[PDB]
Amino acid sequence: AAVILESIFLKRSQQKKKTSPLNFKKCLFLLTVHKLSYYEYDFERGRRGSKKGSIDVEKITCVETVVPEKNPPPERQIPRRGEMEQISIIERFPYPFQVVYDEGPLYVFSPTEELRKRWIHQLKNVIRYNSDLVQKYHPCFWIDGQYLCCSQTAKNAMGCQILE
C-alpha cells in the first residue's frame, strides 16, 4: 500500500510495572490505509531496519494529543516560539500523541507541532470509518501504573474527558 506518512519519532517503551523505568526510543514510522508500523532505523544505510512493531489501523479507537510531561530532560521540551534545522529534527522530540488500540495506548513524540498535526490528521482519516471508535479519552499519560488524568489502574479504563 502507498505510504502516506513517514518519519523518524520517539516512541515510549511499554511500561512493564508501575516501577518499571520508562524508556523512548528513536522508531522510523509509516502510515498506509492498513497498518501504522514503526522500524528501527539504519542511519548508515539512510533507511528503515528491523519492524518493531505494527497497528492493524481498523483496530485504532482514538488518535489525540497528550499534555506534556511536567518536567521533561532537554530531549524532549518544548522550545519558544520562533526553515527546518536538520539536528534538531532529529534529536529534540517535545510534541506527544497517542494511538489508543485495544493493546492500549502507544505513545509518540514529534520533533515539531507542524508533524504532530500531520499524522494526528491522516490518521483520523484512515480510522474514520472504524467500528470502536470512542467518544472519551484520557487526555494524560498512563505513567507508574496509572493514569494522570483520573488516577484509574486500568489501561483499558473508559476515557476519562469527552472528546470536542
Contents of the next structure:
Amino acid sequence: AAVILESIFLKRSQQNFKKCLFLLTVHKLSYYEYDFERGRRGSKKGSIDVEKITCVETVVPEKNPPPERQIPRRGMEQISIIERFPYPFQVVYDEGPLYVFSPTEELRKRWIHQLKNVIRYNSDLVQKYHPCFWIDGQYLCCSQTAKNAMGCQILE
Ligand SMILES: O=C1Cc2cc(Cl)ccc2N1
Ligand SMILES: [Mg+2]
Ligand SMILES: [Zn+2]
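Return the form deposited with 5-chloranyl-1,3-dihydroindol-2-one bound of this protein as a structure block, the form solved without 5-chloranyl-1,3-dihydroindol-2-one having already been given.
The complete assembly is shown below, putting the previous chain first.
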C-alpha cells in the first residue's frame, strides 16, 4: 500500500556503511540511493518481503564508534539528523541480520514499533535474538560463528 515510514539511515553492508533512503510498506522493507541534489529517492538497492522478517530489536551499540555513530550526551537540527546515526537496530530475515543506524532514539523506536506491527502475523517469529552485532565472523554476544545461529538471548 502507501509508505508507512521513509527515513535516511546508515546501513552496514554484507561483510562498510552506506547512507540510504529506507521505505516501509505492509508488503516490503526496501532501501534506495538518496538523490540529495533533486531531493528524491534514487535507484532501489534491495527489498525484504515483510513475511520473511523473523525479528526486529535494538542492537547493543559499538564500543568505539566513529564520530558519525557516537551517541550524544542525553537531552531537530538539520545537519546532525543527516550526519550522525548512533542508534542501531537489527532486522533479522532468511539472509541473516541487517544492521540499520537511526539518527535519533525516537526515529529508531518509530521504526521498531511499525516493523513489529507489520510482522506481527508472520509464521517464523523467533523467541531468541542476538543483542550484540555479528562482527569479524562471530556474534559478539555468544561467539557463535554462523550468522543464522539461533539467538543466544531470550526476548522478554
Ligand atoms: O547489505 C544489504 C543492505 C540491505 C538492505 C535491505 Cl532492505 C535488503 C538487503 C540488504 N543487503
Ligand atoms: Mg521525496
Ligand atoms: Zn548471540
